[PDB]
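All chains, full assembly: derive it from the sequences and hints.
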Amino acid sequence: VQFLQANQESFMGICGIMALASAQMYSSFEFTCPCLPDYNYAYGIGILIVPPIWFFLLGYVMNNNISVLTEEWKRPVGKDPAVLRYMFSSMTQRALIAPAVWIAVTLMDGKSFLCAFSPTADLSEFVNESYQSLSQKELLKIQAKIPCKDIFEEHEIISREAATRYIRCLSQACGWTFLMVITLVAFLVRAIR
Amino acid sequence: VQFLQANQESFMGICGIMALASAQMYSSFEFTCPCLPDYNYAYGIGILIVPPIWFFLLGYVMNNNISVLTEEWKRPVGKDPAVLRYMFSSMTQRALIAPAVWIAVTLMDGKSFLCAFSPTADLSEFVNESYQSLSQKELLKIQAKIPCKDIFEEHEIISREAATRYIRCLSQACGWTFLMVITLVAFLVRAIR
Amino acid sequence: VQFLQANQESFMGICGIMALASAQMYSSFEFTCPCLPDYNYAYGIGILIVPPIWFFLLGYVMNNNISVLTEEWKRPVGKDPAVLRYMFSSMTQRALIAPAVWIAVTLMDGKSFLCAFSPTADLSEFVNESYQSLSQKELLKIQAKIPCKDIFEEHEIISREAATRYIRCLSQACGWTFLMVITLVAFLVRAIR
Amino acid sequence: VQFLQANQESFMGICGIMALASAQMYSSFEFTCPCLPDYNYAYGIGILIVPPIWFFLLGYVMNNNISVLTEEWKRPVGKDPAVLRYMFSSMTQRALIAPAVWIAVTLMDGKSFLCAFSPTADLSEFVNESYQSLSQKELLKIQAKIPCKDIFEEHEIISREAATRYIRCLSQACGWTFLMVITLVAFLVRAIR
Amino acid sequence: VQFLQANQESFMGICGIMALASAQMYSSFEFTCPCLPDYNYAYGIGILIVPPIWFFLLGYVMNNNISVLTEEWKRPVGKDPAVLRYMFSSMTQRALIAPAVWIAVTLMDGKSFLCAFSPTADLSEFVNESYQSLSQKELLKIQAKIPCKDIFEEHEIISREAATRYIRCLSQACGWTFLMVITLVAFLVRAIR
Amino acid sequence: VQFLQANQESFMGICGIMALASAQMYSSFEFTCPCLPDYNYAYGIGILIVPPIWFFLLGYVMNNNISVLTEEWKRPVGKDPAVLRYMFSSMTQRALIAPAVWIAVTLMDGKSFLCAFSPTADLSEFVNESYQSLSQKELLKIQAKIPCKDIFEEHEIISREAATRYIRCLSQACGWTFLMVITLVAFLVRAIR
Amino acid sequence: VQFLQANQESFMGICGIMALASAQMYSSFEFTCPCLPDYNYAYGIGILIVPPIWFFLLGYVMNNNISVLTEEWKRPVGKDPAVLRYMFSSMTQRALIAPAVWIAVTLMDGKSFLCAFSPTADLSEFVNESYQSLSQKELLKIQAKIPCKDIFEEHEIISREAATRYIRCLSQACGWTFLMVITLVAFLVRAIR
Ligand SMILES: *[C@@H]1O[C@H](CO)[C@@H](O)[C@H](O)[C@H]1NC(C)=O
Ligand SMILES: *[C@@H]1O[C@H](CO)[C@@H](O)[C@H](O)[C@H]1NC(C)=O
Ligand SMILES: *[C@@H]1O[C@H](CO)[C@@H](O)[C@H](O)[C@H]1NC(C)=O
Ligand SMILES: *[C@@H]1O[C@H](CO)[C@@H](O)[C@H](O)[C@H]1NC(C)=O
Ligand SMILES: *[C@@H]1O[C@H](CO)[C@@H](O)[C@H](O)[C@H]1NC(C)=O
Ligand SMILES: *[C@@H]1O[C@H](CO)[C@@H](O)[C@H](O)[C@H]1NC(C)=O
Ligand SMILES: *[C@@H]1O[C@H](CO)[C@@H](O)[C@H](O)[C@H]1NC(C)=O
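Chains as they are written, first to last, in full-length UniProt numbering: chain A, 8 to 19, 21 to 87, 91 to 204; chain B, 8 to 19, 21 to 87, 91 to 204; chain C, 8 to 19, 21 to 87, 91 to 204; chain D, 8 to 19, 21 to 87, 91 to 204; chain E, 8 to 19, 21 to 87, 91 to 204; chain F, 8 to 19, 21 to 87, 91 to 204; chain G, 8 to 19, 21 to 87, 91 to 204.
No wet-lab data here; the hints were simulated from the structure.
By construction, the Cβ of each residue, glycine as well, lies at the ideal position given by its N, Cα and C atoms.
Heads up, none of these hints are tricks.
Pairs of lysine-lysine, BS3-like flavour, derived with a Cα cap of 27 Å:
{"hint": "1", "chain 1": "C", "residue 1": "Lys122", "chain 2": "D", "residue 2": "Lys122"}
{"hint": "2", "chain 1": "B", "residue 1": "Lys160", "chain 2": "A", "residue 2": "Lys160"}
{"hint": "3", "chain 1": "F", "residue 1": "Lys152", "chain 2": "A", "residue 2": "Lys160"}
{"hint": "4", "chain 1": "F", "residue 1": "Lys160", "chain 2": "G", "residue 2": "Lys160"}
{"hint": "5", "chain 1": "B", "residue 1": "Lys160", "chain 2": "A", "residue 2": "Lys122"}
{"hint": "6", "chain 1": "E", "residue 1": "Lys160", "chain 2": "G", "residue 2": "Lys160"}
{"hint": "7", "chain 1": "A", "residue 1": "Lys122", "chain 2": "A", "residue 2": "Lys152"}
{"hint": "8", "chain 1": "F", "residue 1": "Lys122", "chain 2": "F", "residue 2": "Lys152"}
{"hint": "9", "chain 1": "B", "residue 1": "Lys152", "chain 2": "C", "residue 2": "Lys160"}
{"hint": "10", "chain 1": "C", "residue 1": "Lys160", "chain 2": "B", "residue 2": "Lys122"}
Interface residues of chain G toward chain F, partial, derived using beta-carbon atoms under 10 Å:
{"hint": "11", "residue": "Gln9"}
{"hint": "12", "residue": "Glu16"}
{"hint": "13", "residue": "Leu28"}
{"hint": "14", "residue": "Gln32"}
{"hint": "15", "residue": "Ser35"}
{"hint": "16", "residue": "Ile55"}
{"hint": "17", "residue": "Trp62"}
{"hint": "18", "residue": "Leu66"}
{"hint": "19", "residue": "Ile74"}
{"hint": "20", "residue": "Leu77"}
Using C-beta positions, here's what the derived DEER-type ranges look like:
{"hint": "21", "chain 1": "B", "residue 1": "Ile53", "chain 2": "F", "residue 2": "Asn72", "range": "50 to 56 Å"}
{"hint": "22", "chain 1": "G", "residue 1": "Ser101", "chain 2": "E", "residue 2": "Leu95", "range": "25 to 31 Å"}
{"hint": "23", "chain 1": "B", "residue 1": "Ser101", "chain 2": "D", "residue 2": "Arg201", "range": "42 to 48 Å"}
What follows is the structure, encoded as structure tokens:
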């Protein structure tokens, strides 16, 4: 939370104020994995996918030049040819910021990955040597409870903390690759056009 | 609480100051489920319904142009035809902000859902296999105590934490659908009129 | 306490500065129920009643136009007829704010209700089935100790937490009804006069 | 401590800055009852009495018009008759603020009352039924240790927490009566002169 | 620490900024009594005596008019007779502030008194009745360890907390007498010269 | 986190604002060593290497003179000869700040060193005397779990805390050498060119 | 950390901003004694010696008049004779501030002394009476672990807390002597030149 208060007053700005808004909203959001073999994937991917869509729509709405764009696109011939495209692309670029920040933040803190890819993941290195031959339905039901400290009661079968750290490392690697690709794309866009 | 201090000074504004007011008021509100089979639904739905109504009335009151609206609507013919409707609709739109923020915040933190829909919910996956045949009145009385950590003393029958996470996920899904529908409506309103 | 720091700088104001003053004073006030069958009601109703009276007097005192009102009311004929009534009613309205805030805050946090109406309340649903036939003097003395966690040592007779939550819900319902009635009255006053 | 930071910037002032100074000084003062039958009363009454005297002297000193008052009172005839009395009374009134704040704060938090009036108080309702006949010297020595959690080791004789709450309620009642009388006096002074 | 942040911005000042500097420096200073019969007195009196001397020297150094004073005192006859004495006395008075604040703060928090006067103090009321006849060298070595919670392991001989509270009360009494005498002297100085 | 809030407002700046950005980002980054003999080195070196590369790219992007550099380098002959090189080198120098801050901070807090060089390190002084003759594959697998408090369960073989402190000291030595070399290079650059 | 935030805004300054920088950097630095008989002295003296050297170099670099000094010292005859020496000495004096602050802070908090002089110190008063005759190599290895709470497991031989307090007192005495000598030197410099 201190990171938001620090990065504040930097723009001082409406463009770079939704970024800290999304970051702080994630910081004050109670992630709760259902820890069920059926609804884990859905919940994880939903937390990963839906809030950025909503932030996109919100950034499109809060821009004071949607009215003019609608008025011009509505006429068969509006009062120029492509200053409209300019402000439209500027609006889209300004809007695309907060979704990227949300996705980066939720990837660096690998809760959604841990909640989503836990039941199906291949954890054969962490499963105990005694219970190394059992129905994968049992392993599904057990591994589903890994992101839940309070519900997991199968310490004699799978080390919970080892698998947690493994999947969190995977999630952080993915987040860093995402950040690098995004920054390269921004570099090309600013250096070409 | 840090989210409110961060989002402050953004408008700097009386319109976008009731939003943080309602958010902070929820943050500093001691939600207390009665954990009784009779008054759970009432308390949950009341916390969900009444404070937004009060915020609506308050936002209507704090606007300095209710006096002029009353004076004009009181005359059979006032000193124009529809600049009154304009300021009235502006007042209503400004007022409708804080109820939406309250409902969104109280849905993302699924306490009201957990308090309200716990006694009647169908929790057959979490009920123990031994006590899978008993009077639904007993299950009513037991499930009523799920939102109360201090009162629940039936660990041999129902896993409390699993059901809590389940209902909290449901509540968060509902909150996200609410936010998306609200944002789409705002988008249409700003893009048409 | 963060709510006061957030709502600060909003008026920026002497009128809307006693509200946060009373709220913060309640936040930093050590409520201590005597937990005796004789002095519970007195203490609860006193905490509910006296501080708003004091805030009323204080708001009357801190207004710089009591001297002029006294000087005019003292003369048999003062130097107009009813600009005095105007400033007097404005002073009274400005003063009536902080008592309302104090009463609302102390009702939402149902300590005074829990301290006051505990010894006399009808708690027959929470009393154990074994001790369901005993002198109501015994129940008086026992229920008096409900708001005190450190003094209550009768867990085999009455569930303390259940009764606490029950009475806190009642208090919050009363507080919400109070807020709604107050806001309706303010609405009528602003819309008529 | 948050109350001081909140009430700050309100005057923005040298008059209403010693009030928060005294309040904060009490907040950051380590009250330590000696818990001995001989020095309890002395310590309690001293903490109640001496700091307000010191604040009075300090408020008299920090006012830049003591030099002129001394120079005029020193002459047999000074260069008017009673503008001196005016500034003297203004200085005295400005000085009398911080002692009142200190006394109110130290009364609302009933430590000085608990430390002072504990050894001599009549606690016959809290003394156990077994030890209801013993030399009042023993009760003196025992009750002296009531404000000390770490020293009290006579739980089989007197309930410490009950007596603590009782005396704290008495102290808060006294503090509220003090505040009411002070505010009434200020009201009369402002409404008459 | 909140007291310093509160008293800040009051002067807004270089004179009244060393006071909060010394107070905060004491607040962030790790007092560590050696708890040995030989070096307790030395450490206590040193913490009481040396830092105020250093603050005196520092306040003398940070004043931009020592160069002129040296240049004038160096000449046999400088370019007036006693405007030098005026600025010298003003410098000395400005410098004497921080030592007083340090001494007051370190007296109100009776650590230095507890560390210094513990081995030699007469604690015959707290010593157990069994060990009331033993070589005062043993009592010296034992009482030396009173300010150290981690080292004291003689609970069967002397109550540590009782003696701690006793000596802390003595220290606070001394601190209050010091503050009163200082304020009286300042009053006389401002009212005479 | 307080260090960032303190060093803020110092530049008041876009150049010296990415430094605190990177420092705060490290402060709010959840380092999680996988504690596996295969992926420890990779994770440690990645955390050490990749974020500074990303900060370099970001500092290159956020500078408003990449467009002009591209436009000039694109032409066979641009509209001078080497004012381009000047602004290019200034941009590169401004960009190189945040990577250095990240590397210094992550070296002073020896987590990456502890995670990376733990499985291969030579810890023969800390290994117990009983298990001083065993397959280095066993020691590899065991030492891999040293940075994980929750996973390490081999206290009868290797002291975890001793090895942790050893490797953290090594990391801090490396960080200090890095800082010294960087500062010497900056000194030469500023004193020559 | 609050001391830095308090002493901030005092200069408001680039000269007196490195002082708080070094103080805060020490506050947010994880001191970790290796607790080995060979590398304790090295680590302690290094933490005491190297960071002030780096702060000296940094303060020399951040001053905007090293370029002019180099340009003038480079010529056989520069465009006056000794205004160069003036700005050079001013730069050196401004640079010497932060090393002094670092050394003072690290001496008042006697970790470096405790880490460095623990293995070689003469602790014959704290060593148990049973183990008062043993090879000083054993005492070396044991005393090396005194600054480490988690590693020290020889409570039957040496009291760890007593020796810790002893060495911390020694370190604080040294720090106070350092501060006094530094202030006297500054006094002489300001009063003579
Ligand atoms: C594996 O299972 C055995 C029981 O067969 C148990 O004793 C052992 O502690 C388990 N180990 C792990 C790492 O789960
Ligand atoms: C279910 O009930 C049995 C008793 O028949 C008990 O042993 C078991 O622990 C219970 N399990 C759960 C998950 O409630
Ligand atoms: C009720 O009293 C019985 C003793 O007759 C006791 O065993 C039981 O735990 C009590 N239950 C409650 C809810 O107080
Ligand atoms: C009163 O004393 C008796 C011993 O006679 C003891 O058993 C009981 O717990 C005591 N009760 C209280 C409230 O002190
Ligand atoms: C005093 O010493 C006796 C042993 O003779 C011990 O039983 C008792 O607890 C001690 N009391 C105190 C207050 O030290
Ligand atoms: C070393 O191993 C032995 C068992 O042979 C055990 O008793 C001892 O505690 C161990 N010591 C350490 C420091 O690991
Ligand atoms: C000293 O060693 C003896 C064993 O000979 C032990 O009983 C005693 O507790 C030890 N005391 C200290 C202070 O180390």
